[PDB]
Structures are given as C-alpha cells and as structure tokens.
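Shown below, as structure tokens, is a lone chain in the form deposited in one PDB entry; questions about how it binds or moves come after it.
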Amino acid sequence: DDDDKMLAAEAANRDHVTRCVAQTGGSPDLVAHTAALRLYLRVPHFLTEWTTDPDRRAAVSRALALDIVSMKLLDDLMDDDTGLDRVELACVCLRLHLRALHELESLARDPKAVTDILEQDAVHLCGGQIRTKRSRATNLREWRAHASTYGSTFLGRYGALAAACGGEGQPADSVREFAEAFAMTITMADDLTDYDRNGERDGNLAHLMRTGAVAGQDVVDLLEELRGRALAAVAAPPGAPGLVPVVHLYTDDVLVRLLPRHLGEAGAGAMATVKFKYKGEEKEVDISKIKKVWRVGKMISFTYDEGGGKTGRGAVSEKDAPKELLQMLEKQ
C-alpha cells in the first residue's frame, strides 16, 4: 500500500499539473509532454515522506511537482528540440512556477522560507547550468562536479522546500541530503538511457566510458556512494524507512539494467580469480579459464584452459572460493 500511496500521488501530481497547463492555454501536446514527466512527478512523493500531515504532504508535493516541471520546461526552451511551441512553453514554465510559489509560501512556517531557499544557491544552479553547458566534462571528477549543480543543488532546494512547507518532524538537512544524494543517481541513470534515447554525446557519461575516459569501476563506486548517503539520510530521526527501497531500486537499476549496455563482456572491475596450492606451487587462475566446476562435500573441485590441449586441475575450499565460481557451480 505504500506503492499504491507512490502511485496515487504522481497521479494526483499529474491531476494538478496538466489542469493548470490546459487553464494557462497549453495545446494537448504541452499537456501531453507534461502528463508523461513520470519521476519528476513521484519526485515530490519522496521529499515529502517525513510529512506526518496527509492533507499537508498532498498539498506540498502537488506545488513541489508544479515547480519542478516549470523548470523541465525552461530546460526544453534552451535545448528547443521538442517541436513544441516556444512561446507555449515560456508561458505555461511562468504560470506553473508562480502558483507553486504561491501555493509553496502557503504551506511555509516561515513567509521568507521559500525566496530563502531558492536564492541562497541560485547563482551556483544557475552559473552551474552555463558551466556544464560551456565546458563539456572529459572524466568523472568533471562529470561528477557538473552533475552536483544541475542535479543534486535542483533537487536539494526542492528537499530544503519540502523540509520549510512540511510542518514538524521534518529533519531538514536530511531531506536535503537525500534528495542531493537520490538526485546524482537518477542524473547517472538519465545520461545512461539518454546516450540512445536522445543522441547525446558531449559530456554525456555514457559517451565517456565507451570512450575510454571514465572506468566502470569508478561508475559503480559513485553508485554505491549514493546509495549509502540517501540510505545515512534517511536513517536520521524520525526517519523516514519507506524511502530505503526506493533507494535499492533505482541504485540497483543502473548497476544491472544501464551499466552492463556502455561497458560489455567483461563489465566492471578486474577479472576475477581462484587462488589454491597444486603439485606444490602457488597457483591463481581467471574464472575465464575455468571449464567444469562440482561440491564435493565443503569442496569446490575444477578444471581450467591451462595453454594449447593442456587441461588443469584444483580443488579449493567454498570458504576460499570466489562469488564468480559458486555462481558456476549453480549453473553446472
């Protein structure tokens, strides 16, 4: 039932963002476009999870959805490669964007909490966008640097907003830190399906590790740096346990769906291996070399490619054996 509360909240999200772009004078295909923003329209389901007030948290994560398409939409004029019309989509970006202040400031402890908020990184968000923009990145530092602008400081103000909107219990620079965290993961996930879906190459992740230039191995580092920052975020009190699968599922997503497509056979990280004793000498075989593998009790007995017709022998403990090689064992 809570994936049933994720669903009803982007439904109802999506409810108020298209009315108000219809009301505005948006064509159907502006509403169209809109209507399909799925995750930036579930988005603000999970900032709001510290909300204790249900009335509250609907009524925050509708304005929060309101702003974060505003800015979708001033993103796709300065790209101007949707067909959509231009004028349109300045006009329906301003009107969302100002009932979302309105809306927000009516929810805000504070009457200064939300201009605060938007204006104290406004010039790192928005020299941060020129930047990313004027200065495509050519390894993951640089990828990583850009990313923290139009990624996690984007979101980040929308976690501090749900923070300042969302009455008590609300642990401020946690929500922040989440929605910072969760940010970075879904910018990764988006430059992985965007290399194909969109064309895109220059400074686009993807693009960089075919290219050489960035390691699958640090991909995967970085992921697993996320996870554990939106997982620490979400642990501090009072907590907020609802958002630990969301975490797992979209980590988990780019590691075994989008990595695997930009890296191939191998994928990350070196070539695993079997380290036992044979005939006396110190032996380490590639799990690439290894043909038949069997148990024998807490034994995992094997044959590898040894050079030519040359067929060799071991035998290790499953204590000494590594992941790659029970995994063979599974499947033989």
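We call the rigid core whatever largest set of C-alpha positions still superposes within 1.5 Å between the two forms. Residue numbers count along the first chain shown, from 1. First, how it differs from the form deposited in another entry.
With the core held fixed by superposition, the comparison between these two forms singles out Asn198 as the only member of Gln120, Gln217, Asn198, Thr138 whose CA moves by at least 2 angstroms.
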Given for the second form:
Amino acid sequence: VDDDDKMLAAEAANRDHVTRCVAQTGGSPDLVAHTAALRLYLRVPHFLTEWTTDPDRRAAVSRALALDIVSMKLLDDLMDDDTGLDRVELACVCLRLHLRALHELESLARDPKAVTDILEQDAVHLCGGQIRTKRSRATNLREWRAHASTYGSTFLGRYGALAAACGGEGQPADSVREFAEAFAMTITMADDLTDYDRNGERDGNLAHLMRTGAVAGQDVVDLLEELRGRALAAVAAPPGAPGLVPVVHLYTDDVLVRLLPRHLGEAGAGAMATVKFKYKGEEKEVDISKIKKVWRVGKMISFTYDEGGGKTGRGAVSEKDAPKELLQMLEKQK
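Having seen the form deposited in one PDB entry, I'd like the form deposited in another entry now, please.
The text that comes after this line covers the one chain and nothing more.
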C-alpha cells in the first residue's frame, strides 16, 4: 500500500545503480541482466537500512550495500562456473562493484576505519566456513544449519553491521545484525527448497535431506519458527524497526505455506491431528483423517467417524477440546 511502495522503489533504485555500474565497466548485456535478476538481494539492503532516519542517507547506504551483495554474489557464481556467463566479465565486474561499494560505504561511515573493520572481523570465519561448506555436503539439520549460519547468516550479518555503521544516528548496532543473521537463514531455507531447474541445478541440500527422511519436517518448522522469533525479537529492541515485522512474517510464512509442502506430503509436520472424547464409558481418540461428518450444536461439535471397516462411530466434544483441524471441517460443510 505505502511502505510496500518504498521497498519497491528502493529495489528499483538499487537495481539501476547496480546495472548502470555493471554496464559502464564492460559487463556484456547478458551479465547486466543476470545482475538485475537478483531481486531478493537488491531488495534486502532496504530492510537493513530500516533504522535509518534520514531518507537520503538511507537511499545511499542501501545501494552501496546493494553493490557489494551483488559483487559478492558474482564472486560466487564465479566459483560455481555454472552460470554460462563469461568468467572474465564476472571476475572484473565483481571487483569493480566491490571497490565502488567500499568507496560509497566509507563516505557515509561513522569512523573512517569502521568499514574495513567489520569486513575483517569475521573474514576468516566467513571465507573458510564457505570453504568447508562445500568441502562436505551436510547430512542432517544440525549440519545444514551449521553451514547456513556462515555463508548465509554471517554473510548478511556483515551488511547488517555495515548498514548500522553507515546509517547515521540511532542504529541499534547489534540488533540490526541480529535481524540480518536471522532473516538471512529464513530466506536461505526458502532458497534451498526452491528449485528453478535451469542448467544442472541440484535439488536443495535441505530439500533433499528432507525428502530422504534424513531431516524431519517438524524440525524445519521449529527452526523456521525460531528464526521468526529471533527476528521479531531484534526488530523490537528500541528504537525499533516496526516496519520489518510484516516482512519477517511474510517470508517465514511463505516457506511454511508455499514451499515446505512441495517436499513433505499430505501430512506436513507433527503427529496426525486427533480428537479425544469420552464415549459410552470409554476413552476415544480419532484422527481427523477418519472423521467423516461433523457439525455444530450450540458450543459443542458433534461428529461421526470411520471406526473399523463399514463401522461408523460417533462423538461429541466441546468446541474447546476440539482440534483446529476439526473446526475447519465444519467450514467445508456448512
């Protein structure tokens, strides 16, 4: 409606500034395209700059950040050499973009040495972790999360930190980064589960490990939830960045609602939904999967189920002790 406008506008800006550079320095039309493809990356700088009060400073920090993120993404496509684009333009625009990023970021920076400082503190953790990421393919959530925390979380954390350091007054330093590192892993999960298929593109490590039973669907859900919390948490710390709240819920829920299911089955995570009631002196428990007819009568939910063959058992529970997946079935009917 409005703030969604600002993001679209910032992303537009960053895309331009980025492609104008890739162009001027020699990038072929092929690569200039490839860099405008990167939408998520070109948008993020916007979220990172959310705590920046003066709009002009904000625009500048955002695009500088945009510059490096792309520069860095390019150095990666450069290692994979699966992009089919030219290795030289890749390499050189990589450098060009980086150098300009460094230049603009330092112009807005609080203390001259703050920029190189940040890019150095975790440089080995980053670089070497990225080396180990691909040395060995992870095999359970524990390890996936481990790798992700470096090439995903640290990577963006640094920009989070840089955004704070170049964003004038009232920057909740550690909080911006905490947002970045959290959000980063959420989208990193999304990315994994997202298969575009082009070239010789592997099924996402996490997706694969998910589809192979090496990682339990519910666990993914838990983590997705931990990350949303860790995120919302950060954007809360004062002075706060209320705007990012919906952003966070947006990507987390996308993974959950849209992506997650492409890999799990009919049954997402957790156990199969059950209804517990007392019937004919007994104790019962039926999976909503076997519940046929179900209606309402005041504040009770009456129903019928498949009890064993052609046998139709019955029940009635208070809407209170009625599981969500059953109160839903009321809807489909009347």
